[PDB]
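The chain below stands alone, shown as structure tokens; this is the form deposited without the ligand.
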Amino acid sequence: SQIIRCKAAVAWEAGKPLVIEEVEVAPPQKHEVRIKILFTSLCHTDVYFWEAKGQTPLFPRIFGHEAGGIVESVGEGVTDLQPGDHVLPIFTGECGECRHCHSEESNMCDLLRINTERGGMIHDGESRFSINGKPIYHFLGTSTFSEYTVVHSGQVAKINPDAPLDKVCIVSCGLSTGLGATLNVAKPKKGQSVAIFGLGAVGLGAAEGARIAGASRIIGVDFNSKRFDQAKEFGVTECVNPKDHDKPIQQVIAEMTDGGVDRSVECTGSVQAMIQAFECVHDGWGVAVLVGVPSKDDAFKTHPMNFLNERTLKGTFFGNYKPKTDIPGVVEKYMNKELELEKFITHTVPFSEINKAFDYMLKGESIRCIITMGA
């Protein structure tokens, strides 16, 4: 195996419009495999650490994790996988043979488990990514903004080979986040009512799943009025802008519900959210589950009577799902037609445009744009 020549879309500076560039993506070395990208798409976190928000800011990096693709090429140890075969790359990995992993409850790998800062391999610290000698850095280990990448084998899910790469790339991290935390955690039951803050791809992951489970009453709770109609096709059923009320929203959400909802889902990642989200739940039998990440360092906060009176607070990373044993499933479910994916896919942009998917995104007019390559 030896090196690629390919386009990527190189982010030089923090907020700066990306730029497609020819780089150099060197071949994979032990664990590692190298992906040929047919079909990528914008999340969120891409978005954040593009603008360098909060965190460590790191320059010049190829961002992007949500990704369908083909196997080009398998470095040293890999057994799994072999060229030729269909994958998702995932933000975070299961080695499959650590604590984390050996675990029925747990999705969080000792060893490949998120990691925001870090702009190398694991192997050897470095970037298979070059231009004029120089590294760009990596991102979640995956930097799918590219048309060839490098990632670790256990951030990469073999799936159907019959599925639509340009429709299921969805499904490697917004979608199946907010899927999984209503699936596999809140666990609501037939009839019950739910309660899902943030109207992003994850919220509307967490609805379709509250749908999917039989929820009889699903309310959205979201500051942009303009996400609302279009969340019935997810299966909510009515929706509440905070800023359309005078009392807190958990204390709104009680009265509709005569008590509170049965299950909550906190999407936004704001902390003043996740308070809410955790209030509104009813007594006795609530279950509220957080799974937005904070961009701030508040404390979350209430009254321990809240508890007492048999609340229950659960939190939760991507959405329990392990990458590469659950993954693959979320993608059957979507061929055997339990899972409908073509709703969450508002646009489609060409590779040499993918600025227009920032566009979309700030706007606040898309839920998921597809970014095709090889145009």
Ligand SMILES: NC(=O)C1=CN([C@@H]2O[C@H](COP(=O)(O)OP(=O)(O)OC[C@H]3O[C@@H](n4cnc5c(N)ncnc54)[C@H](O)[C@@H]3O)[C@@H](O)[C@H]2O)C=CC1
Second form
Protein chains: 2
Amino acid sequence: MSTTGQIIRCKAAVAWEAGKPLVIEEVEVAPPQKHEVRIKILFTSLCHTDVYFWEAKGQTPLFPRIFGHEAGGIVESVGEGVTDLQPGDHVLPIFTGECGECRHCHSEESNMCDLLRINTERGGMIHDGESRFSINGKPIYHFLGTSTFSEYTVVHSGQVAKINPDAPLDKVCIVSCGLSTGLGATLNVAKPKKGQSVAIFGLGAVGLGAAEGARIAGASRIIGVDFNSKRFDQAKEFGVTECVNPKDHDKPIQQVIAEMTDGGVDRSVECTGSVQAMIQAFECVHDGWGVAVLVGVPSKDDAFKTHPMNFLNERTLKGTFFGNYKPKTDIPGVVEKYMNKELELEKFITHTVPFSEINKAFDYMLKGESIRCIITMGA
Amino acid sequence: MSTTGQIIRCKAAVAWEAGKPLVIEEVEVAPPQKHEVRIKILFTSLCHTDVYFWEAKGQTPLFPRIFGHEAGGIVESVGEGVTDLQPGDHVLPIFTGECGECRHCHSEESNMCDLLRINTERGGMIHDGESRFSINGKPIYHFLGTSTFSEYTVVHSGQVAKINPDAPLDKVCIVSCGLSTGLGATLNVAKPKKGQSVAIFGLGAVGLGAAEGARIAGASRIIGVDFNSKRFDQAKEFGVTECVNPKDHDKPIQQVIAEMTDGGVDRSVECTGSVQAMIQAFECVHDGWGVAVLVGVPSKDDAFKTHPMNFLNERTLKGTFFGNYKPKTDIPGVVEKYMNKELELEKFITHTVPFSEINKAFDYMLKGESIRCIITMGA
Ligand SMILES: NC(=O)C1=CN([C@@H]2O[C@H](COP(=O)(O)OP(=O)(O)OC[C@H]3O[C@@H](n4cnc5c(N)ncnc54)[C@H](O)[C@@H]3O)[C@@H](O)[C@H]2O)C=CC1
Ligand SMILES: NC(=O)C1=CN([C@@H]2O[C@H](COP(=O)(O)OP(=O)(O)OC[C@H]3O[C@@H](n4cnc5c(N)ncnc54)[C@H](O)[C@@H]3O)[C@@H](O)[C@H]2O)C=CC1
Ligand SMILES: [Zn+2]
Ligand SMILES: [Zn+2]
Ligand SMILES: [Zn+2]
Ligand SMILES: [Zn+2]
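Given the form deposited without the ligand, corresponding form deposited with the ligand bound:
So here's everything in the complex, that chain up top.
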């Protein structure tokens, strides 16, 4: 309130160099411009997407930078022409937006907003190409339009979802990424029917969300596939009924799955980012009616490759961005499902650290087995 | 009737050598065994599938052989345990079957019958591995279980569709292949909505069937693509609204289409058999909601290849066998649509010759621009 229209002085975790530990710095946060809001961050988290651009290996090295794109916060002030958000609103900043004006935003199927779709190299604000962060007079790059590793951040209002103000902001700060992506990959894109079989490649947060969606859809068999056998017991909490490590088999995994299911699974969801797993996820679905959904992001420019007859045998291949959920229209409904005990969120939380110890979240992530770490603001 | 249970002596067009002209021979046709029927052929036609296996380039050279898989005929007699067909029934023998007992035959989506799905190398009958054709005591290979280039042929009853006995058998003899495949590729698999745009790659019989389906679906723009500009005027009779030759453009055809439609077509149907056209058909559909359907059969084992991000941008890739139509359950309904003036068939007929001049049908086919040639039995 007293900060409305004013520059805020607060702390942010700044990445000065690729792959080096973040530094808690005193920064200045400009007030929000047209169509922007300024958000007090209460909880944030870390995922491989932040780590990938912080490591900047084979990536355009934008530094200094404030990473972070999964957070729960409260609106502090709104910029010109913002009417759907007001101070005090509980919100999730999300790495992609919904302008409400383009053909995608008017569609049933697509969340590929022409204005506000994710952009990993945009270092400033959409309104004016400027940064809202400075340190000692010098600007700092934004990340995904969210930059949630700060006590306050400025975000285009199209990337800010208003949610149930009774929702606990530490549990929902992780609906902005992997959970909703896998949940919607199964429910919106794969669309299994009751009793069907589903194979999930990758049992990180995305695959676990896909498993929850497959249980909500009523799948009778949910086969979780992962090179990492440590992730199996964890996965069974999220709906996975059988676990398969490819390392334990001489046969290719798509043959292993087809043999388990008499021709292949009804649905598959690829949640690894490995192009080889995308091929395998496609080839492991049944002929005639099988549907595979690609979710993982490939690191290189290897191409998906398969014999065309695999399609002529009546397989279908789909792909998803953020579970095909619209961030402003649909994500609040995801939170509502959590509030109505229809969706599991607490079991994603494997770690927690205060903001001053944010670098430990990188350690837990890079060591493996960390699903999400709740980074608590204030100390 | 008088021929029931007897060997029939009749004429067939026999291929003795790869790529050499057929010879009209006096053959013997055995009576039908269990689950088989013997059919008097009144009209048959020729398509590239017959030519491909008659040329036998890179193909297993089964000779001598009776080709032919598009025909209209009348049941002469039925074998043991046949109850859905009786003598006098008007029928279409079809290159693939419907046993009615497997999971595909109980499905909504799939026509991939486990027992009777198409098999290009099967030279004998399913019942006993034997040929029902002999010439001077020596057997002749069957083709696709149909072998319609004979005055009489024996076919598994699962591959024989009973149709409206008032349907003209010369017009419907071409519903057994390209027409129904493209029609169902659009209506059953691509599923455009009213007002949407559809790009069709290849304007042979398959692409023309896809165009008819796109008009029935109410597509506002139907863009026909083909290297052969002679096929354009023809295509407009079948629903194509715009024609594009790739040769006339420096830009890749998928870019040409995207530029015509502001991001890409809503639906595409690939009806060429060229793997490069399958890639192009996929990449030319709009992001967010585009759906491409593969129909053409590739000659080699080149693989379909695309950047995985094309799917993550929410494109869908499907494939079809015979338009996903079940041959015994659905094909009679296709004929009914012709009988109710809802489907154009006469305009597929570009040529006609008597059976003794069947080799001319090969000439008209190999020269190009022939859609279908009605081969009339009896002289
Ligand atoms: N499509 C979208 O909109 C989104 C895509 N993603 C992508 O989804 C993927 C999954 O993300 P997270 O779950 O956070 O990642 P993660 O790294 O936590 O989980 C990946 C899991 O897959 C396993 N794995 C890797 N290669 C494998 C292979 N060849 N076969 C079997 N298992 C394999 C790993 O052991 C690990 O358990 C990533 O590529 C991420 O970039 C993430 C969020 C949004
Ligand atoms: N999926 C299925 O169940 C079925 C598949 N097919 C396949 O469908 C395809 C089409 O069959 P028809 O219409 O009878 O063949 P067709 O040879 O009469 O027509 C193909 C057309 O595509 C054109 N074309 C070829 N390469 C092209 C390219 N790269 N770009 C643009 N145009 C190109 C040709 O000029 C020709 O007009 C064939 O591959 C056939 O084997 C046929 C029937 C059943
Ligand atoms: Zn938009
Ligand atoms: Zn994330
Ligand atoms: Zn069957
Ligand atoms: Zn044919």
